[PDB]
Amino acid sequence: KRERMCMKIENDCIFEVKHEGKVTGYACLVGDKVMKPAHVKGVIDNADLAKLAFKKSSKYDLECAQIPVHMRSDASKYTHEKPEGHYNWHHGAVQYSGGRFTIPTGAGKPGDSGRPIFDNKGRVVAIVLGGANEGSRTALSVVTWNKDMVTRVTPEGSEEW
Amino acid sequence: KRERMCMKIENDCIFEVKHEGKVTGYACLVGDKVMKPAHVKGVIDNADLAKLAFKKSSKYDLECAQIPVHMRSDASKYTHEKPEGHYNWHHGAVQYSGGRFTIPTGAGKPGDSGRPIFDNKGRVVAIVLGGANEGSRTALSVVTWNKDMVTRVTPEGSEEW
Amino acid sequence: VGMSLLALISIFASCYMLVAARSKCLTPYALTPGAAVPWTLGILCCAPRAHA
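Protein chains in written order, with the numbering used here: chain A, 1 to 161; chain B, 1 to 161; chain C, 1 to 52.
With the rest of the complex left out, here is chain A:
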């Protein structure tokens, strides 16, 4: 149920990014804007999106674009609240404890940056950027949201995916 709605919202809000014939990342559409990892390079698999002017931010490691109105109806829902506990992810469950996101499985790989992380009700909370091999786990360097501001959390030793 929760996994299924997570997956279909991912289907409606994830686009593949190609470069030299291999996948590199994904751009996700939230609210009224498309957002992409700035560190990764490639092209979006959409003629409308590829022509948009991407506002760049290297200190946040993010790229943004204002969507055309005719995909406004295909927009995921955002939030700023991050209650302590568990959240959904395309590869299982993520744990938010003590101000950090961790993957219990520790199976992180390069090329998955830009996959949204969901809330219980299907709202999006944050976007995966990179991972640090925390032994049997992986700690996430992730871009998240304050009430009206963007923040980035980067654990020591994290490497961009």
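None of the hints are false.
No farther apart than 20 Å at their CA atoms in a straight line, the calculated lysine to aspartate or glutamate pairs in the EDC-like style are these:
no., chain 1, residue 1, chain 2, residue 2
1, B, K55, B, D45
2, A, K109, A, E159
3, A, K41, A, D112
4, C, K24, B, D61
5, A, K51, A, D74
6, A, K121, A, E10
7, B, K77, A, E156
8, B, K77, A, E84
9, A, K55, A, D32
10, C, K24, B, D148
11, B, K121, A, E84
12, B, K109, B, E159
13, B, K33, B, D12
14, B, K147, A, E84
15, A, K59, A, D148
16, C, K24, B, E63
17, B, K18, B, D61
18, B, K51, A, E156
19, B, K41, B, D61
20, B, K8, B, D112
21, B, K33, A, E156
22, A, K55, A, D148
23, A, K41, A, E160
24, B, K121, B, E84
25, B, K109, B, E156
Derived by calculation from the structure, the hints in this document are not laboratory data.
We have chain A; now place chains B and C onto it with these hints.
Just chains B and C, lined up with the frame of chain A:
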């Protein structure tokens, strides 16, 4: 259940200190800081924890260091709230009443400095330094936490274990 | 030579004692997993420029 959780948490978060072939104390991993009683002399029984830079604060009787990344997952999670009642410890139960941590049994022995005091949730609350024998009870000279301030509480007649 | 040597003693002692004051004021914050309070950090610089 609580005893089992305390046991595995302690085993994954405690390492003995070797000096002259004898144990002098224990070093625990809480949050993102390794702690060691400053009065305890010796070396931590771990190669990775042996070479770390340790910052000492004699007025707090504590030496703290930053963990290597590959072990940050093996650390307990902390709290700053001390409701009245009783809490767990490696030698049974401790009584927190009136800002005083008391050993009902007086079973502490020198060389046990550095053993964490656990919450009813398994979270770490304080690290013991010594005990003061008042009558049949043993008040605890122990290091605890405010919202962000470390405080070393010490009864009269306390002896550094 | 005497005046110069006294001047060097004064400047070294003062700078060292400022460093000691810095470490003593900033010591409790390195023992908790807490924030550095940028109000303190800006006035009082530290080894961690951005981390912690």
